[PDB]
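Here you get one chain, nothing else, as structure tokens; it is the form deposited without the named molecule.
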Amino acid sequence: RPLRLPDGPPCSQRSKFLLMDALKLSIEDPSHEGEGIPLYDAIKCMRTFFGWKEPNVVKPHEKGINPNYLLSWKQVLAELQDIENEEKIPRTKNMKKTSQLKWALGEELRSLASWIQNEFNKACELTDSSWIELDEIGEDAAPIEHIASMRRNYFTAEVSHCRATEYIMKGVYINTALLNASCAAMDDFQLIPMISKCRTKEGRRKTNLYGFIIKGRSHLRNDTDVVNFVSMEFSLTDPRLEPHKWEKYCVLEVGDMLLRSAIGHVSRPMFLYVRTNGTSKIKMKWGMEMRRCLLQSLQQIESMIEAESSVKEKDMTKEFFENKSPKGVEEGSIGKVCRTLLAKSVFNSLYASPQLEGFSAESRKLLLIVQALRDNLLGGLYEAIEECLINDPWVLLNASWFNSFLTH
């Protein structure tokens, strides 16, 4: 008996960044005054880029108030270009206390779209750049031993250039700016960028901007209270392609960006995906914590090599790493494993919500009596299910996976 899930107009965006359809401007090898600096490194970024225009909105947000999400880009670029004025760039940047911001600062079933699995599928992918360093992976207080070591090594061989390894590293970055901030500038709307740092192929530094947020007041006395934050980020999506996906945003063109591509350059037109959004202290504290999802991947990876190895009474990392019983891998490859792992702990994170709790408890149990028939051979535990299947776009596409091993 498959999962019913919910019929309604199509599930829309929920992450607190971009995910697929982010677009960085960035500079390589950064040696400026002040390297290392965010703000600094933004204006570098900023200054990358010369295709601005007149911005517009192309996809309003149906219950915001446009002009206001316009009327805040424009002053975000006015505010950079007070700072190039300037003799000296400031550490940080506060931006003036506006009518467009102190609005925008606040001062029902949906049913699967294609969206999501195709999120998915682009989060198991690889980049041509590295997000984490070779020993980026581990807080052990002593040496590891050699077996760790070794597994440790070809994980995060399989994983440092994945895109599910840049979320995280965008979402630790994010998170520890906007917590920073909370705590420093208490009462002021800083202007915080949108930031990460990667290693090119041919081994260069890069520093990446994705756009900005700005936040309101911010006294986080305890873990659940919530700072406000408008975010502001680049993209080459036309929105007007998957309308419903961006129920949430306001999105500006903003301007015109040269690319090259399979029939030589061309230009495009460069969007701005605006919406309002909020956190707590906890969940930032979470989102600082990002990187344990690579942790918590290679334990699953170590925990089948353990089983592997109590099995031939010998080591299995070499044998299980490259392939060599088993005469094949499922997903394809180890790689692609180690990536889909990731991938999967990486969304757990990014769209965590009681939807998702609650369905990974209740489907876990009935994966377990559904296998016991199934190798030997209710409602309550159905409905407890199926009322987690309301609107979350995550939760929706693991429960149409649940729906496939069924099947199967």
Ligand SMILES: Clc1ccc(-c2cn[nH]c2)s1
Contents of the next structure:
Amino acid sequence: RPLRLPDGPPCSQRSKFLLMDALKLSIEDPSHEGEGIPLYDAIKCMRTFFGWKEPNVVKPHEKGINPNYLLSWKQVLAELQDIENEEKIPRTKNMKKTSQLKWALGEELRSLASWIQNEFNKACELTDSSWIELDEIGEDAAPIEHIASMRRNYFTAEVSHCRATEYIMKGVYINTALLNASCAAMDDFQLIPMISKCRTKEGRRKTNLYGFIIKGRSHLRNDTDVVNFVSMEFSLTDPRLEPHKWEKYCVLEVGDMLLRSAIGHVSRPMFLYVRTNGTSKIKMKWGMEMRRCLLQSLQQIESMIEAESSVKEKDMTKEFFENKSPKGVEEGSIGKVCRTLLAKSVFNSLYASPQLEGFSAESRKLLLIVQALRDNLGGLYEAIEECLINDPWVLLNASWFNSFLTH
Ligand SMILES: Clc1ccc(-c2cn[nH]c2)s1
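If the one shown is the form deposited without the named molecule, what is the structure of the form solved in complex with the named molecule?
So here's everything in the complex, that chain up top.
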């Protein structure tokens, strides 16, 4: 019996920041006065783009006050325009407590949609930039063994350029900046750039601006206290193609960007995805630990190599990673196995939820029972299917589980 997935309107994006739809304004090998101060980097990234235009709503938020989102973006541009006149650019920028920001900061079954599988496919892909250093992975006090080192070097070469690794580092930066601001500027509506850093194929260091968040008041006495925030994120994705994906956003058109393409230079609109959101201390601490996704999925790989080494009474690291008993790789390559394991780990983090917890545990129990039944030939379903409500990541993993059943 396959799991019964819920009927209803398509599910919508619920991640803390854009994934496949993000857009970056970037600067190469930066060397301005104050390189490495987020606000300074953001302004320089902002100053590389000249296609800004009078913004307007193109996909209104059905349940929100759309003029306040518009006003909120215009305030960001205006207050950055002010900073450009203050001869000493401040280290941080606290927004005026305008009515639009006071509103935005707080003073149902859903069916599976195709976009979540597309997000996952996108997370498995390679990018043309590296997002981590060679020795990023691991925490060991002592120097590591030769074998462990070999395994780490092989794995890193496969995932350093991976999109899921960008999501890790993007998530790590934004959660660190937000948690630090929640502490250092409790009463301020601080402007917090969304930044990442990477190294191009040619070795050039590069700094990336995805957009901005503004945080609300944050007197976070405990781990579950919530700080509100507004996110404002660049994108080339036209929201009118998949509006169900964007139920929680107000989307603006804010510029036009000139692009290289397969058909030569082309001009495409630049959008700004705006929503209100919230997070807590404990979620921000987990966001800061997303590099553990790299360690956890390496350990799944090492688990596999250690099994092959136990059978062949010999270390199989080179044989495993160079693909040289197994006669192929189901995902196509060892590299794609690494990136797929990583993407599952990262999405478990980006889409963490009680629904995911229940589905994970309960579907595992049903798995083993189905395996043992195969190899040798209700109730648990209620536990599994009770978790299938509206979360895109859970619904996709259920769709995946159902394929595992037909085969
Ligand atoms: Cl930094 C900034 C770069 C561009 C800005 C702008 C755009 N429209 N009005 C002001 S502020």
